[PDB]
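Only one chain is given next, in structure tokens, and it is the form deposited in one PDB entry.
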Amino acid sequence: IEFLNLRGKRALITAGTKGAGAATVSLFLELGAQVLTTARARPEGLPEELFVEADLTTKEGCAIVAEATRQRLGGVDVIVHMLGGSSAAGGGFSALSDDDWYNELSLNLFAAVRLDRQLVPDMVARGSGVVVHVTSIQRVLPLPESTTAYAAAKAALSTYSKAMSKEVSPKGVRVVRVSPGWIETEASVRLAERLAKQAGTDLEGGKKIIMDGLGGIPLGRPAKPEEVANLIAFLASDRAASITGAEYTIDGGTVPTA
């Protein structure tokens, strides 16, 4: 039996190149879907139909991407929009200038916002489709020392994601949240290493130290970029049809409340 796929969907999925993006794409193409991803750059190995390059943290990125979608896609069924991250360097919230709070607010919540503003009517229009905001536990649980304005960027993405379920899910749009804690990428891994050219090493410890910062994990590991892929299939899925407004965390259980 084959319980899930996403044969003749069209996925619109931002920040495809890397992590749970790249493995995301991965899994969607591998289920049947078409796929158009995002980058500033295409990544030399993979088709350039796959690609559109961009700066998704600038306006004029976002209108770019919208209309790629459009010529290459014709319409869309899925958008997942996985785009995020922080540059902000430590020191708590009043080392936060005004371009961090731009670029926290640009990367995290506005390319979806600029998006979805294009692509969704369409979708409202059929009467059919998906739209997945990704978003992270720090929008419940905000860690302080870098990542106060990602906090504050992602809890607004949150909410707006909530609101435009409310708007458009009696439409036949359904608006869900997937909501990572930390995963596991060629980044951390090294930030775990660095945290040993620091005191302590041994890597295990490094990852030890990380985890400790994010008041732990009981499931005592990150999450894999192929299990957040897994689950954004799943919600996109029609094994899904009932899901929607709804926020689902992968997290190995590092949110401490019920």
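So that the term is clear: the rigid core is the largest set of C-alpha atoms that superpose within 1.5 Å between two forms. Positions refer to the first chain, counted from 1. What changes on going to the form deposited in another entry:
- 202 is the only residue from 49, 30, 202, 67 whose Cα shifts by 2 Å or more between the two forms, the rigid core being superposed.
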Contents of the next structure:
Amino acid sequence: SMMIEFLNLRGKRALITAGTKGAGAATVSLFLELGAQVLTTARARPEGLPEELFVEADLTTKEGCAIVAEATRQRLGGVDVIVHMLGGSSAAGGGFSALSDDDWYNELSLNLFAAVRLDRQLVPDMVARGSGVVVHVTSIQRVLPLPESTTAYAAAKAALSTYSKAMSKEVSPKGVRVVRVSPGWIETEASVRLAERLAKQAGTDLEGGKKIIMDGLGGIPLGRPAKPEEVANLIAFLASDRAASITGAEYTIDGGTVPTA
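Target state, the form deposited in another entry; input state, the form deposited in one PDB entry:
So it's only the chain below, everything else dropped.
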């Protein structure tokens, strides 16, 4: 039989933030394979990643966001898809009372403010054209918070999620879709390190460390974290014309972790 491509991103210009590790890297790679023109960002460029595809910036600062917006306008001449994948938590444990003003600022800057600053610069152009998609990568912690080290992370992600829905109400009628992808635990080099650290301090092994993390989430019905490529798959679907009626929604990819209907 002959093929008709079902899902691609041909002709689309995509800005993917934080695309050098984990799900970000998998999303950059998949978008390129699906025919998108891609610009991605990070504080350091991997040697194997062609310079034309990359702009170096610290997205936790206003200056870094300005640099990325500039490169988007200059290299892409317009953007059709923005995938916000910058996020993370650097706060130590100790619960709410151990969150300093610096912790709160860091969590908000990384998980909310970069997306807000970039959208404020880039989305009005997309609206002017009358087409495009914005994907905010949130986190199941926006609904299912873990307090030990991620109280401010969860709060920042919840702000992001509601902000995204608010954006969707405004710009969906003008032809720009705005969706959220909410991952649970993603298998990354960094989370292997986490599992090893927990395993050592608990006196168990890697699988024991894995179990500690999963138990800490209330269990993952699927029994494993999501793979970077799995997150990429969902983002590519939502960015594609096969998802033209999907806007103002959050699509969870977590192996069933969130235990509510």
